[PDB]
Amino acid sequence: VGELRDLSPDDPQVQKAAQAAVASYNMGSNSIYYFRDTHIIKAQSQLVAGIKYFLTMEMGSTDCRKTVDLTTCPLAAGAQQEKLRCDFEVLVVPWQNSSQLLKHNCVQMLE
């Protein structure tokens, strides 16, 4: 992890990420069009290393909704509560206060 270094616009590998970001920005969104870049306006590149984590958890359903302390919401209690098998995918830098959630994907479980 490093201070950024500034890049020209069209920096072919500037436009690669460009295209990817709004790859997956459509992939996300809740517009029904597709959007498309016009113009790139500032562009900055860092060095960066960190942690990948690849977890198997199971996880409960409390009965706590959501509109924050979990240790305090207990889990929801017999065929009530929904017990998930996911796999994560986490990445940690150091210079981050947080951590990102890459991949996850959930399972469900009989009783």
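Note that the rigid core is defined as the largest set of C-alphas that superpose within 1.5 Å between two forms. Positions refer to the first chain, counted from 1. First, how it differs from the form deposited in another entry.
After superposition on the rigid core, the single residue among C73, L55, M59, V48 whose C-alpha moves by 2 Å or more between the two forms is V48.
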Contents of the next structure:
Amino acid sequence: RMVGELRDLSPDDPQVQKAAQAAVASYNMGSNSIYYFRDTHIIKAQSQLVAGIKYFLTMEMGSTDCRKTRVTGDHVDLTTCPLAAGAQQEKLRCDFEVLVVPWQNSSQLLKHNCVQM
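Switching forms now, from the form deposited in one PDB entry to the form deposited in another entry, please provide the structure.
A single chain, with no partners or molecules, comes next.
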């Protein structure tokens, strides 16, 4: 078995960004809201070395005006989805654990825990 150091990374790190996008996309596939949520801010980002790499992300999200009825996943561009304003506006502070392995393309959201703000 292989277990490594838990290290702090920059939120702007390009591989942290991909992990975040995989974390958000997985949340939307399993969330109860009609609207797609979107990452607004990445607060903290750590990485741990395993047979692969685990990414421990603390990040803020926001509900959008984009709906699952009108737009399907895998074909949704969250950059074209505006944050909902008033009445619907819902914010979440989420902890994400993203596993990335070399033999796979799709990263996995292994665990999550969101908390309204």
